[PDB]
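Position chain B with the ligands against the provided structure of chain A, taking the given hints into account.
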Amino acid sequence: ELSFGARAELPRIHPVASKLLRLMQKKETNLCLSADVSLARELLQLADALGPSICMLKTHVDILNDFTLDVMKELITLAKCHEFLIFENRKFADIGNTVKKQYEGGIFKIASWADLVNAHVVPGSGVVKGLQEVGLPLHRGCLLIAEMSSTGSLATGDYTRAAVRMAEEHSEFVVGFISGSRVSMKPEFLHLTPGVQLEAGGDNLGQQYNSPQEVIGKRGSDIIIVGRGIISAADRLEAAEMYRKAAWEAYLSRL
Amino acid sequence: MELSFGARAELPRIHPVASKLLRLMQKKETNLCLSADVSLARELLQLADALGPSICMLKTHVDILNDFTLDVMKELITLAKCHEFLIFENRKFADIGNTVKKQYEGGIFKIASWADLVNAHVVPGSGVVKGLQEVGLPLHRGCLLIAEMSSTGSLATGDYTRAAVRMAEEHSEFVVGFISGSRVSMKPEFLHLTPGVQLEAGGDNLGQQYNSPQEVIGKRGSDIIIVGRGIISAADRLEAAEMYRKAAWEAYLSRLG
Ligand SMILES: O=C(O)c1cc(=O)[nH]c(=O)n1[C@@H]1O[C@H](COP(=O)(O)O)[C@@H](O)[C@H]1O
Ligand SMILES: O=C(O)c1cc(=O)[nH]c(=O)n1[C@@H]1O[C@H](COP(=O)(O)O)[C@@H](O)[C@H]1O
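Protein sequence lines, in the order shown, are assigned to chains A and B. The first sequence begins at 802 in the numbering used here and counts up one residue at a time. The second sequence begins at 719 in the numbering used here and counts up one residue at a time.
Don't take every hint at face value.
Stated by the list, open to error - Here's a subset of chain B near chain A, in silico, CB distances under 8 Å, partners left out:
#	residue
1	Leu783
2	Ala812
3	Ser831
4	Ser844
5	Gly849
6	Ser872
7	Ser972
To be verified - Subject to a maximum C-alpha distance of 27 Å in a straight line, what follows is the list of computed DSS-like cross-link-like pairs (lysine-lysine):
#	chain 1	residue 1	chain 2	residue 2
8	B	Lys820	A	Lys910
9	A	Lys874	B	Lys828
10	B	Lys738	B	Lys828
11	A	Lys1046	A	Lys820
12	A	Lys910	B	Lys828
Read the hints as simulated data drawn from the structure, not as lab findings. Cβ atoms here follow ideal geometry from the backbone N, Cα and C, with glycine treated the same way.
In isolation and in its complexed conformation, chain A is listed as follows:
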């Protein structure tokens, strides 16, 4: 088991992964905030106030009612100031020819501002080869969805193994996984885990929660992704700190 700082220096490490691992060690946070808010002002307010506490901010551009590329310019400034990466939520999950345009184009131009994107592996490896065409020139990274947190997920067994092989064979662009646990034994890959709350439970639409201790400590993942656990709290600053402190200590303990 290597520290985040050491992993950032691995020969085969991807630049985006290195930058992330560095800032994680520096700031003592392996917490990614999921900010699914409908107003640009809310997104920017949250990112400024919680920026110190997070390694990464998961955006949801598809639901921002007043998206503009200027908002993203401003977000990037915050990102650079507080030191966190930007991970857009959009689930790329089409054939390679189509995902390329989805990633680069349209009103959102996701590749022009997102350090990280995620893709589903269901279409086969063409999904990654397509993204890569746009992502590599722009010096970007990609996470593959190897497992999901929701009830009835089909991202199990051979599907998960297929995800891991895909990542390992496209390591110039793929830097990690969305998963519920460690799924790759190569320490160059990041594991990011959604479906995280301090308390037991779920939501009324299939979400299932596990704690930071369970996911980071017992299941060997690297980063927790938390949305409602923080956003719905009365004091969001305090919430983000509780989740950061939880995940960080689980990591240290594993070391």
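Just chain B with the ligands now, kept in the frame of chain A:
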């Protein structure tokens, strides 16, 4: 028994959106869905106007449309009503239920406001359908589940495809069919829509694989062909659409008997 689209439109358990589709298919003799992955609204609208009479559906790619406004979608709706086709947005809904409802309803695009049909990947489990349904049900919208894919290395096989079929059958108030390479359900109320179709053999350099209208409709038992590059790359996109329409329509007539 094989039934005509017109007959299927009258099936007891048929969804209103499926029935509207099936009836215009029969009336217009077309089971062709144009995939218009273009970056400009003028091209989209010009294609929708010129090919409108030849298609039963238009697959939009709003994420790629550089000059999207809701007013463009307003004009598309006009053309869809005039020429009689449904609007099917390509966006792959593939998140947990709570998240997909906002993606469908909201943001700048407000996809549920103008799309007759959406598609979802089934990998998140049935939550993905429940979330979409909370928005789309009152709007008489329908959902297609992605049961199989046309690309090399597709994981939508075996138990995965079966899970897709079961999910649709258990949510038939909202799920109206499949994206698939063949008939995957025996229930005639469900539509089968097949991408990866060109008149000529081949593929692309990023994993796409093609089969002909004759194969997919006639031998594999699908209902509708989805075609992008086969039409969009032609000099004459109207001529090309007519060729695909006649191919798919005759293939359907063949298995009808
Ligand atoms: O991409 C993800 O992180 C995602 C996949 C998954 O398997 N589970 C999952 O919860 N998500 C997303 O992670 C976030 C979890 O948010 P909360 O449940 O509010 O903490 C939401 O944006 C989900 O859409
Ligand atoms: O969502 C789809 O229809 C999709 C699934 C699939 O398995 N295969 C597939 O080709 N598609 C889409 O269908 C269209 C095919 O385009 P052409 O390959 O240009 O005919 C594109 O919009 C693809 O993204």
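How the hints compare with the structure:
With a cut of 8 Å, the hint placing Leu783/B at the interface with chain A holds, because the nearest CB-to-CB distance is about 6 Å. For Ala812/B, the shortest C-beta to C-beta distance to chain A is roughly 4 Å, which falls under 8 Å, so the interface hint holds. The restraint placing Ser831/B at the interface with chain A is violated, with a minimum CB-CB distance near 13 Å, outside the 8 Å limit. With its C-beta approaching chain A no nearer than about 5 Å, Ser844/B sits inside the 8 Å limit, and its interface hint holds.
Residue-level restraint check for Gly849/B holds (minimum Cβ-Cβ distance to chain A is 5 Å; threshold 8 Å). The restraint placing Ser872/B at the interface with chain A holds, with a minimum CB-CB distance near 5 Å, inside the 8 Å limit. The beta carbon of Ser972/B is not positioned within 8 Å of any beta carbon in chain A (closest approach about 28 Å), and the interface hint is therefore violated. Restraint check for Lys820/B and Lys910/A: satisfied, since their Cα atoms lie roughly 20 Å apart, inside the 27 Å limit.
Of the pairs offered as hints, the one joining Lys874/A and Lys828/B holds, with about 24 Å between alpha carbons and a cut-off of 27 Å not exceeded. Taken as a hint, the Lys738/B and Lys828/B pair is honoured in the structure, with Cα atoms around 22 Å apart against an allowance of 27 Å. This hinted pair checks out: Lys1046/A and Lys820/A have alpha carbons roughly 21 Å apart, not beyond 27 Å. For the given pair, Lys910/A sits about 18 Å from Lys828/B by alpha-carbon distance, which is consistent with the 27 Å threshold.
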